[PDB]
Amino acid sequence: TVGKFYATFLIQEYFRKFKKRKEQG
Amino acid sequence: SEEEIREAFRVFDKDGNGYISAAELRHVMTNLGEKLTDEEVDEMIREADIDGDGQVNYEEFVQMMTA
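Those protein sequence lines, which keep their order, are chains B and A. In this text, residue positions in the first sequence follow the entry's author numbering: the first is 1644, and each later residue adds one. In this text, residue positions in the second sequence follow the entry's author numbering: the first is 82, and each later residue adds one.
None of these hints come from the bench; they were simulated from the model. Worth double-checking, as some hints may not be accurate.
Cut-off 25 Å, straight-line C-alpha distance, at most; resulting in silico cross-link-like pairs (SDA-like, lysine to any residue) [to be verified]:
no., chain 1, residue 1, chain 2, residue 2
1, B, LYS1647, A, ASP119
2, B, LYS1660, A, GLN144
3, B, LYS1647, A, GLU83
4, A, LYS116, A, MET145
5, A, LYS116, B, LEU1653
6, B, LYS1665, A, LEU117
7, B, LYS1660, A, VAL122
8, B, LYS1647, A, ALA89
9, B, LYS1662, A, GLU140
10, A, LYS116, A, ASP130
All chains, full assembly: derive it from the sequences and hints.
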């Protein structure tokens, strides 16, 4: 409605950073 | 790869239907990973769920940018 793509991006990098963070510490 | 987001969304689906009940999604969003705000959650689930049923489709959010 205002920034769905921005919200999409939020979860994008969220899962990305978390996936590789889980194997880091 | 497409498992950059989709494969990370399944890890929450306990129904195997493709849509999770917002309530559960909200509790996990501001719990696992980092710490957002109630604002950044409610609004996130709002821009996605337009129906108002409760069962929000996760791939509809993933394939959103592709749409």
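Now for the hints, and whether the structure bears them out:
no. : hint                  : result
1   : B:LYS1647 to A:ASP119 : holds (17 Å)
2   : B:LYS1660 to A:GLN144 : holds (20 Å)
3   : B:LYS1647 to A:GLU83  : holds (19 Å)
4   : A:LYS116 to A:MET145  : holds (24 Å)
5   : A:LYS116 to B:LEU1653 : holds (12 Å)
6   : B:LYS1665 to A:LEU117 : holds (18 Å)
7   : B:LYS1660 to A:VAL122 : holds (18 Å)
8   : B:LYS1647 to A:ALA89  : holds (19 Å)
9   : B:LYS1662 to A:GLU140 : holds (18 Å)
10  : A:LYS116 to A:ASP130  : holds (22 Å)
Comparing the model with each earlier hint shows no violations; every hint is respected.
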